[PDB]
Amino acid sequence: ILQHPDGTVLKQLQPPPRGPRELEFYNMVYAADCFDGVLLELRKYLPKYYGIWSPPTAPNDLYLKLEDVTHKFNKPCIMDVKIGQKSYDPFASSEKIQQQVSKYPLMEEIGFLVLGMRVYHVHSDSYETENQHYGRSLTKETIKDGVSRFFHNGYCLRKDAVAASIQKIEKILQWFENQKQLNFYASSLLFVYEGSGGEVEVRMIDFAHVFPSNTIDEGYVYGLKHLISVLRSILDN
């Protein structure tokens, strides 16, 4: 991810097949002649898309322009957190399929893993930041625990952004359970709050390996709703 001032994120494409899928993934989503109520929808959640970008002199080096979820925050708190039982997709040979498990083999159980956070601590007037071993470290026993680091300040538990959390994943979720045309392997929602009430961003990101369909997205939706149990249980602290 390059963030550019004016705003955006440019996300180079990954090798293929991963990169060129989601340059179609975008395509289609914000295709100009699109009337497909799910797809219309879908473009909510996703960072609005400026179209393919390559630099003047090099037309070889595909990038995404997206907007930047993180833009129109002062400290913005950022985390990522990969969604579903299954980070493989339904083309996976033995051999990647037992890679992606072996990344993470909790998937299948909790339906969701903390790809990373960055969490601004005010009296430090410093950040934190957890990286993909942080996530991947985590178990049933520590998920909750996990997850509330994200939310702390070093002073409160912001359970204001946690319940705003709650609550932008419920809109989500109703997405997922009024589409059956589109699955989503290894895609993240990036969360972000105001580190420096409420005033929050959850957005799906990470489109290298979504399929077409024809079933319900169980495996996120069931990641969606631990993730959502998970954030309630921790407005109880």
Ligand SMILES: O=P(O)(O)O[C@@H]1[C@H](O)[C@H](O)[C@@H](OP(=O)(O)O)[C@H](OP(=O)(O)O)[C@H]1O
Second form
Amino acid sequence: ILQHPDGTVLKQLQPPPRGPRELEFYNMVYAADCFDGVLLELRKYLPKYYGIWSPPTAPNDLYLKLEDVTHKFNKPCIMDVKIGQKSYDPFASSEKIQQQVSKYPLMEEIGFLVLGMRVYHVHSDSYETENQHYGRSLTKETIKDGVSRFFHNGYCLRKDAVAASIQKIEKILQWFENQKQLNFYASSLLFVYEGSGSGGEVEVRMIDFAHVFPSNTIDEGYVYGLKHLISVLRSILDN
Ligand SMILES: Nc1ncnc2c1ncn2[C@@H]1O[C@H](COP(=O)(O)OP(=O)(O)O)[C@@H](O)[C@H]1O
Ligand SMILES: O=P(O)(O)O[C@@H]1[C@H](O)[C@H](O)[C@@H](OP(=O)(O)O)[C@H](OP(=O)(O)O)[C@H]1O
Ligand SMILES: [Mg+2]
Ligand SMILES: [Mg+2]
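Would you mind generating the form solved in complex with this ligand now that we have the form solved without this ligand?
All chains and molecules follow, beginning with the one already shown.
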């Protein structure tokens, strides 16, 4: 992921089949001649898409040019949460299924996995980061405090950002409850709030679409993960 001063990011296409699939997902959603109401609504929850991009001198090197969801923030606090009960897709091999379940064998039970966070601490004007091993170490007993950490700025819990997050996730859940044409595996929600007195800006966007597939069913694992995440955030409001 390359961050560009124009308010965009360039995401390098992953090797096939993942990179090509993510490209085609964005092309499908953002097709200029799209009149599918489901897809037009989905656009609101994705980074804006500016098409495929390559360097002028390197047509081989393929990127997606996307809105930088963090651009409007002064001190963005960022968390990436993988959503669903399964982080492997319908065409995964036995080995891949085993790999993915072994990365986090609680995915079926919890329905989400924190991939990382970067949190602004007001007292020290500095960021604290957690890597992939943080979320993979969370259990049912520790998931609430694990998530809470994202919203704690060193002196208080940002319940404003928690409540805003619930409200934005709820609109995404509504979209999911009103479509049966796409299932999303190994995709994430990106949470951003303002760390730096009306810093009430919050973003929750869907990202990472290397494993989205056509379907004829509600995405039940995704819905389960969103509901559980909402449940956890709601309990944090009682702290
Ligand atoms: N559109 C975006 N705006 C801001 N940050 C982004 C955006 N897309 C990705 N990122 C950041 O880059 C990280 C990795 O991007 P992602 O699409 O998940 O790639 P990967 O397929 O390598 O997991 C995310 O966790 C997020 O912090
Ligand atoms: O973050 P880590 O610990 O390196 O582990 C990776 C992580 O689970 C990725 O989400 C996954 O890609 P997919 O979500 O696309 O499966 C990747 O699979 P890969 O090794 O097959 O790329 C894993 O190696
Ligand atoms: Mg990702
Ligand atoms: Mg990915």
